[PDB]
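First, one chain by itself: the form solved without the ligand, in C-alpha cells.
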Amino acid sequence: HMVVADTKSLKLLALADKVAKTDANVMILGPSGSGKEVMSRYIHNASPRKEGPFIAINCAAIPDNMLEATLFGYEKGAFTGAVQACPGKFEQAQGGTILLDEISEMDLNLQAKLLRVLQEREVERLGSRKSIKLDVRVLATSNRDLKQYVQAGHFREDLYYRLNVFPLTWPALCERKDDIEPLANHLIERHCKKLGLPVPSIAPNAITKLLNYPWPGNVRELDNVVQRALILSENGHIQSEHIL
C-alpha cells in the first residue's frame, strides 16, 4: 500500500493515523506525482469508513469542463449535451470517503458550491432543486500553497479554513532520500506483477545512482526511470538513465 522508511515520512504516517480515526477533512500538500494517492487510500483504510466507498477525482484532469457536473451530478437537460441523469461523485462516496485531487484548480464559483456542500452536508445535482443528504469524509490535495492562493484572490478564505484543519505536507523525493529504494522496488514490483513478470532486484550501484539524483519529477520521474531500466532489462545494473 504505502511502504516508506524516511523517519520524516514515518512521522507523517503517524500523523495520518491520528486523523484517520476522526472524520476531519484532510488536506495533503506537496508536489504532484509525489505519492499523495496512497496516503489518501491509507487514511480511508485506517478510518472507521474503511469498508465504505473510496472515490477519487482529479480536478486537474477532467476534460471538456466536466468537473462540476462530475462532482455534483446532473439531471437531464441541465446543460447542453446532458442527455441523461447522472449521479455525482459525492453521491457515490456516501458512507465513505472522497478524494478531491488538485483542488486548487476549481474556479471560485465551484468553490462556493463545494463550500455549501461542506457546511450543509448535502448536495444538489445540476438542474435540480432537490438536496441529497450526505455522509461523506473529505480528503483533498493541492500542489500549491493555498494560503498564498487565498491571498492572491483565487481561493476562498472560508473554504481554505474548512479544508485546512489538518494539513499534511508530503515532502519531495530529494528530502526523504531513505524512501528511494523501497519506493523503487515497490514500483518495480507493481509494474512486473501487472505484466505477469518475475520481479527483479536493484544492484547496489544502481541504488546509489538512484539515491544521488535530485528527482525534479519526484515519483512520477522515478517510476519512469525504473520502467526504462526494466526495458534495458531484468535485474537492474546501472541501466538507470537520468539525463545522459
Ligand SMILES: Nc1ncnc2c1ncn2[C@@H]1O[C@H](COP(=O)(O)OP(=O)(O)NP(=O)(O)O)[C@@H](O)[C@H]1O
Given for the second form:
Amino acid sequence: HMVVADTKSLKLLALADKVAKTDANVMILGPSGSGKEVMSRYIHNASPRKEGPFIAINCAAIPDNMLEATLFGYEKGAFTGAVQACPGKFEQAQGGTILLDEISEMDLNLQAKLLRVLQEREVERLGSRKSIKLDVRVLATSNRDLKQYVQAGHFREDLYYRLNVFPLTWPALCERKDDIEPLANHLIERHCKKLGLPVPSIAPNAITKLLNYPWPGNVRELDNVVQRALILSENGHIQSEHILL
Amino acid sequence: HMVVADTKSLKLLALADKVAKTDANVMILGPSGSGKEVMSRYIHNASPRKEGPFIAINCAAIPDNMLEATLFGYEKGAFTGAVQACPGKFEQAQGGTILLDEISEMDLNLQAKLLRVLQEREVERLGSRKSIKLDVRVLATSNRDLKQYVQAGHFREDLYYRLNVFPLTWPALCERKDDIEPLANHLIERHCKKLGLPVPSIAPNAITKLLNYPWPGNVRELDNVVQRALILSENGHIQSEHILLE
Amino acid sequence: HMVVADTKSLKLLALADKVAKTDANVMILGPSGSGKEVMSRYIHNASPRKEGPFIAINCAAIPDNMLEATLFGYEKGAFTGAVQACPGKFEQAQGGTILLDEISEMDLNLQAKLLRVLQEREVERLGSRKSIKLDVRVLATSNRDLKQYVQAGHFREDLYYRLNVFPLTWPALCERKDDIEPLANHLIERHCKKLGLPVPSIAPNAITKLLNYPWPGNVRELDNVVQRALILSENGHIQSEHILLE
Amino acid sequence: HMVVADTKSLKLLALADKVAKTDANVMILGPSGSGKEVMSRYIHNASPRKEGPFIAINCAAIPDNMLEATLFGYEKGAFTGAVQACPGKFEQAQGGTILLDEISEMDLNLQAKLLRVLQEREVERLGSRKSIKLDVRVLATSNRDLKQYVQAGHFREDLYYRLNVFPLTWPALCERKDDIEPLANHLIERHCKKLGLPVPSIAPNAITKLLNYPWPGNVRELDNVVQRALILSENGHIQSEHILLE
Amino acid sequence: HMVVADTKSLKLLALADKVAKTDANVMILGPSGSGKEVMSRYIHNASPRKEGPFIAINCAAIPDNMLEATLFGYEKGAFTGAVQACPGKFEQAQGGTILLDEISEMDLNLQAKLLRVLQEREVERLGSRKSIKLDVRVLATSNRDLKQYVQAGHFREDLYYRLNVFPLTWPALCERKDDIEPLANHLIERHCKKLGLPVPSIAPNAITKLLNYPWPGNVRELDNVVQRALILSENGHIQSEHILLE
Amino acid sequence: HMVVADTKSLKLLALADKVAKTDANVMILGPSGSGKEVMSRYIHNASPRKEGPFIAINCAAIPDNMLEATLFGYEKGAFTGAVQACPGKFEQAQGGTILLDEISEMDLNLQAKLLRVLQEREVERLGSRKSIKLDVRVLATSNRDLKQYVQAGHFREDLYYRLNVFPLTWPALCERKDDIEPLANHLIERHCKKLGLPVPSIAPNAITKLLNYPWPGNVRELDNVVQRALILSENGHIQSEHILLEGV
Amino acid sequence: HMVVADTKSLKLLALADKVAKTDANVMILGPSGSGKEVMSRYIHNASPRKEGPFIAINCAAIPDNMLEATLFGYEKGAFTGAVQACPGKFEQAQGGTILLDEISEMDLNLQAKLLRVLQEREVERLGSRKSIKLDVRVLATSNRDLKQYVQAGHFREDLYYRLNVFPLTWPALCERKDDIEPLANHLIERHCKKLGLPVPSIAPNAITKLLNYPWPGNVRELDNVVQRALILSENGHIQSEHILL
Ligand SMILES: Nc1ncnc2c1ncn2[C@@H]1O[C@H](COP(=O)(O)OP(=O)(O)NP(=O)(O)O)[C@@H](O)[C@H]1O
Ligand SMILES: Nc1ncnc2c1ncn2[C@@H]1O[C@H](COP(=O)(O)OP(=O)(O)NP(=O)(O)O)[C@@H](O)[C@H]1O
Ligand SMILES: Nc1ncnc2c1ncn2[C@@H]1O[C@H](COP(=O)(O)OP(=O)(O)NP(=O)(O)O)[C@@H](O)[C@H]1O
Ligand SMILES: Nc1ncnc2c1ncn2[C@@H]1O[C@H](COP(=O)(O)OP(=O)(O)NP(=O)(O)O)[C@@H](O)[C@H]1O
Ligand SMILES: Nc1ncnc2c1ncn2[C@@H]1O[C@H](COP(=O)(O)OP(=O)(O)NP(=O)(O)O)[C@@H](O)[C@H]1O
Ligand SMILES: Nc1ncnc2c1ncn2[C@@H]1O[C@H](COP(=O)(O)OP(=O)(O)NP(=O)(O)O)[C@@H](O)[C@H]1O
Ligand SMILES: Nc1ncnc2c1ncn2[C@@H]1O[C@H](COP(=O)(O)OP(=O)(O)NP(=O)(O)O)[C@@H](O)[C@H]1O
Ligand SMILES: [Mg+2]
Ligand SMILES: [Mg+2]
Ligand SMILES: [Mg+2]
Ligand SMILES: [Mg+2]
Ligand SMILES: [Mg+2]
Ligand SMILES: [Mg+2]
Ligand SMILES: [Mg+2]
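Since we've got the form solved without the ligand here, give me the form deposited with the ligand bound too.
Full complex below, order starting with the chain above.
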C-alpha cells in the first residue's frame, strides 16, 4: 500500500498507472529511502501481471560477487562453488515482473549480457548453452544518475536507452511535504500492527516538528524517527528527535 | 527495412547500392545509433548474396573475453571452459555475409588473426590446425575514428586499408532532418505492430518538436522518445520529451 | 552489574530500561572503555529475553579473518580450513540476544550479508543453502561515528538506519565524574574478590587525584590504575599514577 | 611481377639484380605499403634459387607469441600446448629463400637465436637437440630504422651487420612519381583479371589527380583508391578519392 | 642473580619485589642491554611461582613467520610444514611464568589472539578446536614505546592496558652510575667462573674510566668491554677500551 | 689466423706471445668488432696447449638464460627442461683453453660460482655433488670496463683481480690504420674462398677511401663494407659504401 | 704464513697472538685485499685448537642463496632441491674453528639464527628438531662498518656485541708501507714455488715504484702486479704496471 497525498506525488502516481498497464521497462529514480522499492511493487500490482511472480534482486547487495550467477542461474560446475544447478532470477519471474534494484552498480560485462537478454527475450545459465524464452516485465532502480554514468564510461549507452524509456522519479521528502503526515501515520500504524498494539496519535506539536525537518534520509529516516518515538512509549509528543538524540 | 528520405541519405543509399553489387569489404561508420547495423543488413539484402546467411558478431558486446573464441570457433578443450566443439562465425557465414560490429574493440592480437583470415580466405578454430576455406563477404562497423586509431597504435594499418576500401558514413541525425519524420512514423509502426496495438499518428506540432531537437543519441534516442510518447498515449502531441521530462 | 551514579548515566540508564522492554535493535556508542560492553549485558538482563542466551562477537577481535565464518557458521568444506561444520553466532543466540561488538569493522561485503539477516530473520551458514529462522534480539556497539562511516562510503546507509533506531551513548568518563568513585570502588572489589584478597578502601586524597584526571582511556584506564594502586598496596593513598607520576 | 618506371626505382632494380645473383643476406627497407614484400619475391625469382621454396614469416603478425615456435619449429612436449611436432620455417625453406618480415619485432632473445642460425647454418627445434644443416638464403624487411634500433639497445649490433651487408630501400611513392601511373594500371589490371572483367582505362584527368597526392600510405593506399574507383565503376574519372568524401 | 646498587635501581627492585608476589602481568621496559631479561628472571624467582617453569619466547628473534605457531603450538598438518604436533609456549609455562620478549613485534592479528588468551586463560593449538586451561603468569618486555605504538595504529589499545598495569623501567646505565662497579665485577666473575678461571679485580683507575663513559649499549656493552679487558688480561688496569681506538 | 701490421698491433702481439707461453688468465679488451675473439684463438694456438680443445661460450649470446646451465653442465633433473645430463663447457675444455666471451654479462650469482671454480680448479654440474677436477686455461673478453663495473657493484672485485693479471687491449681500428688494408684483403680472400670465387684486388683509391673512415664498428664493419663491395663487384674500386651517401 | 714487518702490523700480530690463546670470538676488519682471511688462519694455528678443523664459509659468495642451508646443514626434503642430508659448517668445525667470512651480508633472519647458535652453543639442521652440541671457536670478517650497519638497521645490535669483543683491524697497505717489500718478495716466492721455478729478485728501482703507489686494492692488487711482472719474465725491473700506463 503506497501512501500518496502531495500533489507532486499524485502526478507521479498517475504517470506510474500509465506505464503499469503496459509492458515497457520502468526505471525508478529518487534519493535514498524515497520509496523506489514500494513504487516498483506498486507498478506490479497495478499491472496486468499483478497475479504473476514478483522477483527482486539488489545488484548492490549481492555478496561474494554472485550477481551474474544469481541473475542468469547456473549448472552444477559452472564455477568454483557451483555445487548444484540453480535457476536465475529471470526464470523465477516468468509471467510476472523482475526488479533490478540498483542496476547502476552492475559491471560493464554483466551489462552486456543483460542487454542481450533484453534484446532477445531469452537467457542461458552460466555453463549452459541452452536458451530459455522469457515473458518477463522489467523494472529497475537506481540511486545514481545513469546518464552521467554513461558519460563517465561506467554504463552502456544502448542499455541506458532501453531501460529509460519511461523513468519515474521520487521527489525528496522535503520537496513533497504534504506526504509527511500521511506517511508518519502509516508508519505508526504499520509498526503497531506488527505488535498487536493499537495505534496511538501524534500531537500537533510533534507533527510540526516532523514538517520542518528536511529529511536527508527521506521516508526511511522518518520511519526510524517514528519507531524511535514509539519506544519513548505510545504517543507522539516532542518524542521526535533528529540530530541531538 | 531502412528509411531514407533526406537527400544526404539517398546519396548514401546510392553508394551502398553500388558496392553491395560487388564482393568488396564495406566499412560502415557514423555516430551511435545512426543506423550502422540496419545499413549493413540492407547491403546484404541488396547484394548477390541476399539469400545466404547474415551472421553478426558484436565485438563491443562479447562478454567474458570470448571474442576470439566466438569469431574462429573452438575445438573441445582448446582452453579452460571449452566443454564442447563450436563452429566460428565465419563458418556460419559460409555463402553469405559476416558483420564485424565495432571492430575497433578488437585487440591487436585478434587483429593480426583476422588479417590472416581476410588474406588467406581461411580460418582455423582455436585448438585445431584444420584449415577451413571461406566464401564470406565482410562488413564492419565502427564508432571510433579508425584512422586515428591506427596512429594511436591501437589498430593495424594493413588491416585498416583492407577494411576501408569503401567506407560509408551516416550523418548524425540532426544533419539529415528530412529523415526524422519518416523515421518516427516507422519506429511507431514497428513498435505498435510488435505489441499488436493499432498504430496512431503524430500531430504536426509534435513533428516540429522532433525536428528542433539535435538528437545526441540519433535514431536510438528517437525510438526512445517515440516509445515514451506512445505510453503517454496513442496519437502523439506534446507527449514528446527529451529534456524537461516533468 | 553496572555502576551508575552521575545524573548523565542515570538518564542513560532510564533510556536503556525503555528499549530493553522492546525487541528493538539497540546501538551502543561511546569512546574506548566507557562501558559499551557492560551496557549490552545490562540491556539483555533488563529485557524479557534475560533468561535466554547472550552471544557476543567482537568483530574487531576475530583473528585469521574468520568474522564471516564465526557469524554465519559453516558446513564442512565451505572454505580451505573448514574441517568441520560449525554453528554460527546467530544460531547460538536463538531465543536470546546477539551482540555485534565494534560492528563498524565489518566490511561492506559482510555488511550486506548482515542486512539480509536483519531483513529476513534468517541465516545460512557458509557452504549451505539451508535457511534457518531466527528469533534473535540485536545489539551492536561502535566507537566509530557510523554516520561518518556511511559518508566515507565505508558503511551501508540502509544498514545504518536499521541499527540506529535507538542509539545509546556513553559519555566519556571525564564528563560524568560522579561515576568515578563508585566505579573505582567497584573495580577494586571485583578484582580483590576474584583474587581472594581482602578489599581495601580509598583515601579521600586518592579520590581527589582520580577526580582531577581526564581519563583518556575511561573506565578501562581507571581499572588499570586501581589494579596498579592495589599492587603498591592495600588501602589506597596516593598510590595512584597516570602521566606522569610514574 | 614488379612495376618499375621511375629512374629511382630502376636504380633500385639494378641493385636488386646485382644481389639476387648472390647468396648475400638482403635487407629490404622503406615506408609502409611501398613494396618491400614484392621486392623480396622479385629477388628470389631473380636468384639461382628461384625453383626453390619461398618461405615468409611476418614477425609483426604472428599472434599468441608463436614467433620463436614458428621459426625453429618444435617437438611435442617442448612447451605447454605443443601437442605435436612442427617443422620450422627455415626447414621448409631448405634449398630456397626465407623472408624474415619485420625482423625489428624479434626480441633480443630470439635475436641471439637467429644470430647463431646465421653463423652456423644450422637450427634446432624448441624441445630438441638435433641440429639440422641449413642451406637457406635470407631476406629481411623492416619498417623501422635498425641502426637506430641498435643504438637504443633493442637490436644486436652483430646481427645488424650480418643482416645489412646490402640494404635496399624503397623511396616513398611521392618521391618516385613516375611509378604512379604504371602502378595504377597494373592494379586496375590486377583487380579486373581476378574478376574476369576487361580492364577499363584511366582518364588523363584522373591520372593528374593521382599524381598530385603525396600517398602517405604509398602503393597500398594507391591500391585502395584504385579499387574504390572501380566500384564507383569502370573508367577512372572523378571516381578517385583521398580525404574528403571517402 | 641481579645486581642492584644505585638508589634508582634499589627503588626499582622494591617495586619488582611488590609485583613478584602477585599474579599481575608485568611489563618491563628500558634501553637496549639494560637488563630487561634479567629482571624477568628475577621477578619469577621472587614470585610464589619460583619453582615453576620459566618459558621465554622472543618475538624479535623468531626466524620465519612462525611465532603464532611456536606460541600457540600446532597439530600435525595445521599448515604446510607442520609435520609433528607441538606444544605451545603457554602450555609449557603451566604453573610457572611465560616471558613475551619484545611483544611490540607481534602483528595485530596475533595480538588479538594473545588478547583472547589473556581474557580467557585458555589457549588452543593451531588446528584444534580444543581449548587448554592456563595457569600462567605473564611477563613482557619491549624496546619500543607501547603507548606510541598504540597511537601509531600498530598495537591494540585493550591489549596495551592489560599488559601495562605495572610497567617497570630500567634507567640507562649512565643514569645509575652506582651500578657500574658492581656490574663490572659481577660480569667478570660470571665470565671467569664459566671459563674456569680465577676472577680478577678491577684497578681503581680502570673503574674511573668505566664511570666516565656514557654506555650507549648499557650493560651489554659493559660486559663486552670487561671481556675485552680480560683478554688484554688479568687484574684490569686501563685495559679498558671504548668505541674510539686502542 | 690473425692479421697484424700496425706498430700498435705488433706490440700487442708481442705481449700476447709472452702470456700464451704461460698458464695465466688472460683478459682481452677492446671495442666491438675489434678482434677480441680472434686474439683468443691466437693465444690458444701460441700456447703450449694448442693441441688441446678450444671451447668458447659467449655469455652475451646464450638464449633463454641457460648461461649457468651451459657453463657447469647439469644432470637429468637439475631444472625443468633438463631431460638429460649434459657436460659443462669447462669439462669439454679439459687439457685445453676455455674462452669466457663477454664475461661482463654473468649475473653476480654466476660470478660467485665462477670464482669458486677458478679458486679450486673444480666444477660440479647443476643438480650434482661430485666435483670434477679441471686442467683448463682461461681466457676472457669484455666490451665493458670491468673496473667500472666493479665500482658500480655489478661485478665482483675478487673475480676481477683474478681475471685481470694480464689484460690485452685492442685499440680501435682507427687508432691502427696500418691494419686496415691487410685486413680488407684478408676479409675478401676469406669470403671469396668460402664462396668458391676468385679473389679480387682493391684499387688504391678504394684503399684511400677505406683508410679515411673512422670505422666505428671496427673490423666487423670493415668486413661488411668489403662484402658489400664484392656484390657491387669484382676488383674493388669505389664500390665502397659507408654511411647514407648511398651510391651503387 | 703471514709475513709482517711494519710496526703497525706487529702490533696487530701481538693482539692476535693474545686472542688466539683464548676462545673469544674474533672479528677481523680491514679493506678488501688486506689479509683478513690470512689472519683468520693465523689465529687458528696460533690457538690451542690448531690441530682441529678449520672451516671457512663465505656469506658473500654462496650462490643460489644457500647460505643458511650451508651453515646449519639440512635433512632430505627440507626444501625443494634438497635431495639429501648435509651437515652444517658448524658441525664439521666441531673441535676447531669456523670462519664466517663477510658476515655483514648475512640477513637479519639468519643473524637471529646465528645469535641463537652462539648463545646456546647448539645448532640444528634445516628440517630437523634435533640439536647438535657445539664446541666451535668463532672467527668472522667484514668489509663493512658493522657498527654502522647496526645503526642502519641491517645488523642486530646483540649479535654485533657478541661478535665484537675483540676486533682486529688491518691497516690499508698504504698505511703500513713497510709490509710492501716483504709481501712482494713473499708473493714472488709463492708464485715461483707453485710453478717449480727459481725465484728472482726485484731491482730497487722497481721496489721504489711499489712503495710510491697507494694500493687501492692492497695485498691482492700487489699480488696481481707481481704475477704480471713475472710474465714480463723473471726479475722485477719495472715490468711493474699500475695506473701509470
Ligand atoms: N509512498 C510510500 N508509502 C508507503 N511507505 C513508503 C512510501 N515511501 C517509502 N515508504 C517506506 O519507507 C521506506 C522507504 O524505503 P524504500 O521503498 O526502500 O525506498 P528506496 O528509494 O528504495 N531506498 P534505497 O533503495 O535503499 O535507496 C520503506 O520502509 C517503505 O516501506
Ligand atoms: N534508416 C533507418 N531505418 C530504420 N530504422 C533505423 C534507421 N536508422 C536507425 N534505425 C534504428 O535505430 C536503432 C539504432 O540502432 P542502429 O540503427 O543499428 O545504430 P548503430 O549505429 O549501429 N548504434 P551503435 O552501434 O550502438 O553505435 C535501431 O533500432 C534501428 O532499427
Ligand atoms: N558502568 C560500569 N559498571 C561496571 N563496570 C563498568 C562500567 N563501565 C565500564 N566498566 C568496566 O570497565 C571496563 C570498560 O570496558 P567495556 O565495557 O568493554 O567498555 P567498551 O566501551 O566496550 N570498550 P571498547 O573495547 O573500546 O569497545 C570493563 O572492565 C567493564 O566491565
Ligand atoms: N613495385 C610494385 N609493383 C607492383 N605492385 C606493387 C609494387 N609495390 C607495391 N605493390 C603493391 O602494393 C601493395 C603493398 O605492397 P607491399 O609489398 O605489401 O609493401 P610493404 O612495404 O611490404 N607493406 P608493409 O610490409 O605492411 O610495410 C601490395 O598490394 C603490392 O602488390
Ligand atoms: N642488573 C643486572 N645484573 C646482572 N647482570 C645484568 C644486569 N643487567 C644486565 N645484565 C647483563 O647484561 C646483559 C644484557 O642484559 P639483558 O637482560 O639481555 O638486557 P636487555 O635489555 O633485555 N637486552 P635487549 O632486549 O636486546 O635490549 C646480559 O648479559 C645480562 O645478564
Ligand atoms: N686481426 C684480425 N685478423 C683477422 N680477422 C680479424 C682480425 N680482427 C678482426 N677480425 C675479424 O673481424 C671480425 C671481428 O670480430 P671479432 O674477432 O669477433 O671481434 P670482437 O672484438 O670479439 N667483437 P665483439 O665481441 O662484438 O665486441 C671477425 O669476423 C674476425 O674474424
Ligand atoms: N699479511 C699477509 N701475509 C701474507 N700474505 C698476505 C697477507 N695479507 C694478504 N696476503 C695475501 O694477499 C691476498 C690478500 O687476500 P686476503 O687474505 O683474502 O685478504 P682479504 O681482506 O680477506 N680479501 P677479501 O676477503 O676478498 O676482502 C691473498 O692472496 C693473501 O694470501
Ligand atoms: Mg534500493
Ligand atoms: Mg554497433
Ligand atoms: Mg568493544
Ligand atoms: Mg612488411
Ligand atoms: Mg630482548
Ligand atoms: Mg663477443
Ligand atoms: Mg672475504
